[PDB]
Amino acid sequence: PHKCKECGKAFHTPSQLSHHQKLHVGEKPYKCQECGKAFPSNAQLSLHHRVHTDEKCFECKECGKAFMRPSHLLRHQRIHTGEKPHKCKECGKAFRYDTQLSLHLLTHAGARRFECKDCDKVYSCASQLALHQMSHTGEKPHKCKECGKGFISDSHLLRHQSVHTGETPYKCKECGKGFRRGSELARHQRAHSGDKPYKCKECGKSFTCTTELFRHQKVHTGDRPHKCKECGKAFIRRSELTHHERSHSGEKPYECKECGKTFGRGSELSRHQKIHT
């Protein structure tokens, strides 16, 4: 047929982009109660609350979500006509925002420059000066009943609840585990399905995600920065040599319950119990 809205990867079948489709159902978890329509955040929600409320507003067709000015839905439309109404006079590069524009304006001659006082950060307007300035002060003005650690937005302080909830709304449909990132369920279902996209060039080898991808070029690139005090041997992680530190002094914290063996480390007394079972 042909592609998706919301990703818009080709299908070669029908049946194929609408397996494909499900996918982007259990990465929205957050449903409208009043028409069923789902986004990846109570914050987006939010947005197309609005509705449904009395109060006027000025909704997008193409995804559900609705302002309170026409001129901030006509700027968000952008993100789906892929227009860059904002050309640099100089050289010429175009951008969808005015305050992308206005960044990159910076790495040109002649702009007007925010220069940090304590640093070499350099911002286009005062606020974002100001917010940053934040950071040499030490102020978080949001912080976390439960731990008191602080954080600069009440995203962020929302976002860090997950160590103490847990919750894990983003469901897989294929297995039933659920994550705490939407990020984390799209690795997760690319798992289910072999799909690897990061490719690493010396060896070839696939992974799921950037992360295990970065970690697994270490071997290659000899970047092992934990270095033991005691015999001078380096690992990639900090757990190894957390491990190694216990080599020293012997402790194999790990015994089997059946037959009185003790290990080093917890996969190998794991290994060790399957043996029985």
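Between two forms, the rigid core is the largest collection of C-alphas that superpose within 1.5 Å. Numbering follows the first chain given and starts at 1. What changes on going to the form deposited in another entry:
- Looking at CA displacements between the two forms with the core superposed, a shift of 2 Å or more is confined, among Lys196, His136, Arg113, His80, to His136.
- For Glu212, a C-alpha deviation below 2 angstroms is recorded between the two forms after rigid-core alignment.
- After superposition on the rigid core, displacement of the C-alpha of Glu59 between the two forms stays below 2 Å.
- Once the rigid core is overlaid between the two forms, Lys37 does not reach a Cα shift of 2 Å, moving by less than that.
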Given for the second form:
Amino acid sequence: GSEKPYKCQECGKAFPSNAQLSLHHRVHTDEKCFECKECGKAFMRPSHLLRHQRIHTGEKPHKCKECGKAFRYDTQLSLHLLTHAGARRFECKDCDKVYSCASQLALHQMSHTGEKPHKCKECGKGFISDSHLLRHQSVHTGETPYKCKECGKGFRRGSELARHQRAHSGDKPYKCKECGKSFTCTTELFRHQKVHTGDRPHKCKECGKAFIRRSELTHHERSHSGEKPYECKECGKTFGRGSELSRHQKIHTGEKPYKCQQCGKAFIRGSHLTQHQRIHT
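Switch over from the form deposited in one PDB entry to the form deposited in another entry, please.
Here we give the lone chain, stripped of any partners or molecules.
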């Protein structure tokens, strides 16, 4: 198992990213270097290190002079003061947001103009940044550096290994306020909550009924068209969705999966066993 896969071939310290490792390996390469206490990262100025340490210490020295709210970073206080009057404001020409200086207004407005300079060598797609392109390389690489300490299962993101380990331990800390069913991660709870909202953004143009997912709209449209693109290799049957084919194929394998006490009848589905449980109640 490895929640931090990027290990130093010089000291063995563990880091969750190549970038973080890269800025630790200053300790052993750079002559003029400044290392942090517990996290073991290095910086090329005391200014920088001391700034970084406020992450551990929780100090917030940059204090607003008229409302008094402290902040961790000059970055942050600078954005805050846009809220009071008498601040140099960089309003977005298009949307409604506002930025403290010009370099970040420019970076935002890359989201309108669609500029994506770092072009992927393989699919030719583009990204707002080098580290994003690095992220997208998961698609061509199929690597899984994050590894479960219980089963050694592989994951592309430490996020996902986290949710998996929560699954192992049965830790579902996201509860649906209305229903009560819990969830290992935040996306699962989000898609569920869509059932209470009635947030069904995909609408059948023909019929009118609305769905949660794009795939359901597809399967509905084909269920009006009659197109069943999923064929059995053995018996030649048709299906609209792959799950119905996969569940079908268990008829071809001898299964006899479930059974009932004192008569032993075998049913391919679990719910069938209930229907037969009604017989002798």
